[PDB]
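First, one chain by itself in structure tokens, the form deposited without the ligand.
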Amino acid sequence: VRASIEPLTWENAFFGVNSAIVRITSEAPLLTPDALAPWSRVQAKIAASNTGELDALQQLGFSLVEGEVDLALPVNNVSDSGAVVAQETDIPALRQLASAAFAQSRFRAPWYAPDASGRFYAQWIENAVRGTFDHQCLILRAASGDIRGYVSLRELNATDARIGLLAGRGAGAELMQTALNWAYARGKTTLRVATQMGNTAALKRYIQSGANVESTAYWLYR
């Protein structure tokens, strides 16, 4: 395989690691054990259809971390869920929720430190709260005022929005409604959402809501 190797700038500073990501292309140098040597961690994300790349990377010492499915739904606005835009006072509780809900991610041990995944997703949801009109965390509340669920959303382009994080036991359907509402308000035609291949509950929920598969991928690390 031929591939460039690029430092993961944000993750390196955030995790305190010396990691890089491989980008497979015809025009890059040969990917060799020597090119891979000066890194504490190397990541690669390949199309699940590309078995040629899977075995080239495995032969270089990479291992499967997880599969990813990316899906898309037409928008299609719907029942106002009553969700509200998260405010700065919600950050402590959302960080606590997100670090727990997304504890088992591609940043799991033994690839990263035990606290890495929790930190990463807590930062993600905080970043969405401190976002912009086009990057927000929306919250559904119970009648008590407690957070029942949350969904983070971002504009991708003129037609598309993407769900970042979505979590809330028993609130999947209303969180999807919330996301569809948000995309529609911004004139988007398409809503995208990726999940882990192992997350059959999320896959089922998304497909029930009208989603279909756009792409599938493997994350591999060395």
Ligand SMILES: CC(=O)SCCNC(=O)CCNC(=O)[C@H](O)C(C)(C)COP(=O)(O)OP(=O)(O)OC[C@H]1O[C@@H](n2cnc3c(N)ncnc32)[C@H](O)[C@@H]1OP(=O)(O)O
Contents of the next structure:
2 protein chains.
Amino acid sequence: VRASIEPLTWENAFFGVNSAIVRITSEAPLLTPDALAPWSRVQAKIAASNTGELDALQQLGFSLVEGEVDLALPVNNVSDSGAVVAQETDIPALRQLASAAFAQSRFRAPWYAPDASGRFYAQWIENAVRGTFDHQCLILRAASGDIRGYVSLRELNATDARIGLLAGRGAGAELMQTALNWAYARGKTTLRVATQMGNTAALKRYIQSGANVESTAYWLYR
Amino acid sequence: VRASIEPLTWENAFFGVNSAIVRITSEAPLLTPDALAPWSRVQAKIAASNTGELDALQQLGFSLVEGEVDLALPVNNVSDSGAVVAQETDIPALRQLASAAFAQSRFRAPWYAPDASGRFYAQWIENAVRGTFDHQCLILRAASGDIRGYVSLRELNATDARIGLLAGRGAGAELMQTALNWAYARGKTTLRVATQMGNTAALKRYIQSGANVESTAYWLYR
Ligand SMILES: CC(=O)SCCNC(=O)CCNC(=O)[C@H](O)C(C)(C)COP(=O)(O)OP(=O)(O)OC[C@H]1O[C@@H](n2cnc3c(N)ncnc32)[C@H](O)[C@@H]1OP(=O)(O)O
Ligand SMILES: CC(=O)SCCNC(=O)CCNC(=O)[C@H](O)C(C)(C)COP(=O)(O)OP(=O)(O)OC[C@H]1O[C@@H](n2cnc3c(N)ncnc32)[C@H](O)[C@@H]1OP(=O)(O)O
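For comparison with the form deposited without the ligand, produce the structure of the form solved in complex with the ligand.
And the full complex, kicking off with our chain again.
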């Protein structure tokens, strides 16, 4: 296996770690134990179909962290769910929800500090509200005015949008409708969303809403 | 961590190995390096969501071999693809096809001998041909009489049937039609099918056919 090793600059500043990511290409230097050695953490993402790469990376000391499924949904005029655009005043509530809901990502212990995953996704949802990572966060409210669901969205290109984060017990159908309507309004044909392999509730909901699988992957760390 | 460790009786005789399967549970002896010692190969299948078990096993030196997705679809509106029940005379051709099609299985080298996977899948399809009404291999024919595709099927219980192997380039739709019809003929309401996480062509076909995800798992070996 040949691959470049490059620092994950953003994550390093955010987590306070010395981490890099492997990028497998024909032209890169040989991937060797010596090259990998000084890094506190190294990450690799590979297609789940590529058993050659899996074996090669396991023979360089990498372990499975999690599998990922990336799905796509056709976008049509589904009509709105009554969702509203999150405002700056919703940030504390959303950060709290997200930190609780996304504690078990690929930034989980023992790979990262116990609080790292919650911090990462609290920041993600805040950035969505502010429009600096995702473009918007959309919210559903209960009768009491409390948030019962949210979904963050961004435009990817001329044809595609992507769900960043999505959460809300019993609100899955409505949140998918919300995300598809947002994409439709922006002239997209395709709405993309990825989830962990283990997240059967999410997979089921995406498929119920019209998704099909586009790619599958493993994240492996050293 | 506690787990039972049991010999894989059939595989041991078939492959000529001394292997066992580990299943993590509270009412079992501690899972230790010593308990794992007297085996040539140990397997574990875990829910993809169970990262606690993943890391327990990785601490004991288990490695990912592959991920699986199990899906189900309702048996509703069925029809006749023109498929036929495989006969003894079809066995040599089917063994040849299945050995080739399912090469990159969880019995691939380096985990097993180079010929192991081919032997296993040829035996699988042969067993299906030599089955009764409860376990069959069905063949789709080209106009030449050649095998265009095949699917193995088993009755599970009062409500369910399961697809074992399914293969035929350009024949996915017709093979799913065949399977649904077979299940219907036995008054089954639910059809189940598992595939490897990396098999996006199979995943897409199953979802196109109305399947949704039921469970996801990793196979790890030591
Ligand atoms: C882009 C991304 O963020 S991907 C990750 C998606 N987000 C999450 O995982 C956040 C937590 N999950 C959720 O908010 C919701 O489960 C959703 C949005 C994924 C799905 O919502 P819905 O389709 O309405 O499903 P709902 O929440 O009603 O769940 C139904 C059942 O799934 C189960 N379930 C739901 N989430 C989980 C979970 N994280 N772990 C285990 N079981 C779960 C529940 O037990 C529930 O009850 P039942 O099994 O007794 O029927
Ligand atoms: C229960 C089980 O056995 S699950 C495993 C299913 N069986 C297999 O994987 C055997 C090989 N594959 C096949 O027989 C079939 O392609 C099926 C049944 C999976 C799907 O059939 P269809 O839905 O008709 O898809 P089709 O055969 O048209 O394939 C579509 C594309 O996927 C690709 N593809 C199919 N199987 C595979 C595979 N195992 N690995 C990589 N790519 C594949 C094809 O090359 C084709 O590419 P193209 O569109 O660029 O020509």
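Only residues modelled in both forms are compared. Think of the rigid core as the biggest set of C-alphas that the two forms share within 1.5 Å after superposition. Residue numbers count along the first chain shown, from 1.
Rigid core superposition between these two forms: residue from 104, 96, 127, 132 with Cα shift of 2 Å or more: Looking at each option in turn, only one qualifies, and it is 132.
Cα shift between these two forms at residue 77, which is computed once both forms share a superposed rigid core (Å): C-alpha displacement of residue 77 between these two forms: 2.1 Å.
Core-aligned CA shift between these two forms for residue 147 (Å): For residue 147, the C-alpha ends up 0.2 Å from its position in the other form.
Stretches between these two forms where the CA atoms of at least 3 consecutive shared residues shift 2 Å or more, core fixed: Run shifting 2 Å or more: just 132-134.
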